[PDB]
Each structure stands twice: as structure tokens, then as C-alpha cells.
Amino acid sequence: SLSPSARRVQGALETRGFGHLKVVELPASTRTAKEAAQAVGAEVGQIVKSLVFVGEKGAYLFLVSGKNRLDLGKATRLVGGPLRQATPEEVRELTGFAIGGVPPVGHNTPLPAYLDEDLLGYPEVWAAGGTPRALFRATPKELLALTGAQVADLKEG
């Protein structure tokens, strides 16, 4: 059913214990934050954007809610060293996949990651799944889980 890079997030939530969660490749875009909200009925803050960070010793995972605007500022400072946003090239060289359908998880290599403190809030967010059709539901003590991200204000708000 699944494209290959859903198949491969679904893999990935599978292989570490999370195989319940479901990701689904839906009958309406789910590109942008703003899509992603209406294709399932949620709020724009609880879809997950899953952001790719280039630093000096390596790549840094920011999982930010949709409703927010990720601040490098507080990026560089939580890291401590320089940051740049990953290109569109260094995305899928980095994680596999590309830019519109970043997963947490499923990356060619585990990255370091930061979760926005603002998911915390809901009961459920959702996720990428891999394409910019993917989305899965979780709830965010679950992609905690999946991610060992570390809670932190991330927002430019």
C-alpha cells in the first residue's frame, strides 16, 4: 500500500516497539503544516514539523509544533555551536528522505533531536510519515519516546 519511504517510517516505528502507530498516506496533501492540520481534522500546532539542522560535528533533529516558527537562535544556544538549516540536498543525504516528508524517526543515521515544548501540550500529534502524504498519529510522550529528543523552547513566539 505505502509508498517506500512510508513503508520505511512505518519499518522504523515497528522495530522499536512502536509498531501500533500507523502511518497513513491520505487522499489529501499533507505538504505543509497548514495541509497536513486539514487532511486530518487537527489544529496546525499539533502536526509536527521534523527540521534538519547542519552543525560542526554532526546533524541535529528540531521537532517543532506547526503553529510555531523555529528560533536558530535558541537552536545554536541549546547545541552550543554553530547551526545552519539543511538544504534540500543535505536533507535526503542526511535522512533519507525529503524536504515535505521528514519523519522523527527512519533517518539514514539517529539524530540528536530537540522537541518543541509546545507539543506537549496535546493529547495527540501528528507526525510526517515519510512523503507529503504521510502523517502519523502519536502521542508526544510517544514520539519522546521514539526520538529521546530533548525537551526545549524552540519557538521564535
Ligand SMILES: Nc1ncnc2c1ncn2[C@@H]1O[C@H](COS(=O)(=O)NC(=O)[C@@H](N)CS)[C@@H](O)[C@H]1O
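Other form of same protein, the form solved without the ligand, not the form deposited with the ligand bound:
Shown below: the chain alone.
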């Protein structure tokens, strides 16, 4: 789409062979999963949140449903050690984008990725397109194909 970050994501999708997936631009004040979901007519649970955490051995990507919160105990047990959130600086360096709009593709560092199993419960999901104001729809199967994420039990419950 228009913004530089959004165009980078559209280009990564095209280069990947997934050019049929389109990055859509939303109202300028969109900043939450609820607002993004409202703009495209989706349930908040269909919004994919890409969270970056840092461990002792490296950084990790957690794709979480907009209706859930990441269970830190579950995250740390998956990685096998303690975790801390990536700083805005680290997220930009690692992913090439800013927190809040981290997309599932086009990163600077290959990060092991985990995908919230609840996202497999919808026919389609909406992932961040480079900024909090951009989104692109994809099926959960396509999301897995794009990221190579391991499906996992991630939510607080």
C-alpha cells in the first residue's frame, strides 16, 4: 500500500509468490486490534498480533489471536528458558518494522515462530501489514505457509 513499511510488506508477499494477498490501509488513528477488526468487519479474534520476545539463545516470534493474551509461562516453556519483550529498537532491528505493526513476513533476522492454535479456528485471519494502519487477509493455512510457524497452545486460559 502507500506507506513505505506497507509497501515493503506488499513487496515481500509478491516476491514470495503470494502476490494475491493484498495490504489494505486503514484510518490513521487505528491503534488496537479491536479498531483494526472493526475497520475490516472481522471478529477481534481474527486479528493476528506478532509479538517479539528475547531469550538467552535468541529472539522469537509469537503470533497471537487478537482475543487472547500470550501466556508467558507457556512461551518460556516452549523456548526452554526465560523471556523478555523485545524493545522497540530490537523489534525494528530484528523485524525491520515497529512494534504494533510487525508483519508475519519481510524480516531482517529469521526468527523461530509459534502460532496461536486459536487462529486455526477461523476461515481467514488478518495480519499486520507493516504499521498499525495496514492489514492483509489470509487463510490460517496461508499464514502457516508464509511463516513456517509451529502451531502451539499460547493463550492465557
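What we label the rigid core is the largest C-alpha set whose atoms superpose within 1.5 Å from one form to the other. Positions refer to the first chain, counted from 1.
For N68, a C-alpha deviation below 2 angstroms is recorded between these two forms after rigid-core alignment.
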